[PDB]
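Here we start with a single chain on its own, the form deposited without the partner chain, put down as structure tokens.
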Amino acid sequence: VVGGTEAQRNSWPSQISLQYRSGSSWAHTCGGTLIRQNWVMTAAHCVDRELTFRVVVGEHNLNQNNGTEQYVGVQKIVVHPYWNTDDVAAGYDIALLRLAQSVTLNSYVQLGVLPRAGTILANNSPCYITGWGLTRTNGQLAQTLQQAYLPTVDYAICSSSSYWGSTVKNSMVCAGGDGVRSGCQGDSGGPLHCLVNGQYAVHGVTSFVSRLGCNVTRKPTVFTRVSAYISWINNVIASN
């Protein structure tokens, strides 16, 4: 997250860290959202490669023991059937991970709330992005969870020639673009929490940013619109 600030520890209990084994150690690669005691929602491009993955819940400081973590393996990766790695702008950047075991829900570990199917947010709605991704374009990962206010930019405006144009589809959600705050590599797969009816729900899964950089004016961070995949998600969890 570029231009953010440290989140109060465990204030976003559904946020998880997706790591892969590198030799004899692990490395944070993406964010994700715990939607079931044994299911995690993330980006398809995060699990595109055949590596060994593990999920960490109740995490805050990646380099220290906060005494609130739980580490569990991934036994099943279900990528959306239409996902095309060579055409991220085509959408479908979403995947579900069945955990090897069920996490225990407590003060630091809670399920994320999903919006109803087809829900579209009004322009400039209040949302927050969270993650351990780069704090600057070509910078380095943050070691403690970061958060930044990232209001939405509706489709009409986001798909215009002044912003993303044809790169963005209606199955996506845009937020930010103020040139100061934004998601960045390492935030991918993570959540976009938006305030609706008094509660925060996960409306997006971080997908991509501009090739020019993370925080670029009029180039909002692009997220997979969760409300467009509700049926798919349920059909997967119901039969797995």
Contents of the next structure:
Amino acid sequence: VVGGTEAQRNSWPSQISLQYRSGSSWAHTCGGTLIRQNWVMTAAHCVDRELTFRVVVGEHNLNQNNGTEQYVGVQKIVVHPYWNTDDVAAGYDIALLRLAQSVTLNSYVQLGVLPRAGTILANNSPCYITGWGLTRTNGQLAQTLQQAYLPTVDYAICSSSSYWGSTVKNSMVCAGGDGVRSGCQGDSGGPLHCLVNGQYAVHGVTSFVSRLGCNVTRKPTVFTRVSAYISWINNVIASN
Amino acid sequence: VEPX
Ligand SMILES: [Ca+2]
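Can you switch from the form deposited without the partner chain and show the form deposited with the partner chain bound instead?
Once more the chain from above appears, this time first in line as the rest of the complex follows.
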């Protein structure tokens, strides 16, 4: 997250850190949202690599013991059948991870609230992106969870020539684009929390940013629109 | 496009 602020320890309990085994240790690669005690929602591009993944819930500082973490292996990965690694702009950048064990819920580990199917946010709706992603374009991961206020940019505007053009689809949510705040590498797969009817719900799964940089004016961060996949999500969980 |  570029241009973010450090999140409070218990502000985003559904946020998870998806890590892969690197040598004798683990490395954070993406974010995700805990949606069931044994299911995590993340981006499909996060799991394209044939790596060994683990999920960490109740995480705050990637480099120090917080006394609230729970580590669990990923038992099964279900990527959306229409996902094409060579075409992120086509959409379907979503995957569900079934955890080897069901995590324990508490103040630091909670299920993310998903929006009602088909829900579309009005332009400039209040949302926060959270993650441990790069704090600057071509920079380094944050040590502590970051959050950045990123108001949505509706489809009409986001798909205009000045913005993303045909690159963005209606199956996506755009947010930010002010040139200062944005998601960045390492935030992928994480949540876009938007306040609706007094309750924050996860409306987006961080998908992509501009090849020119993370915080680029008129190139808002693009997320997979969760409300477009409610049936798919329910179908996967019910069948696994 | 840049998957992040
Ligand atoms: Ca920690």
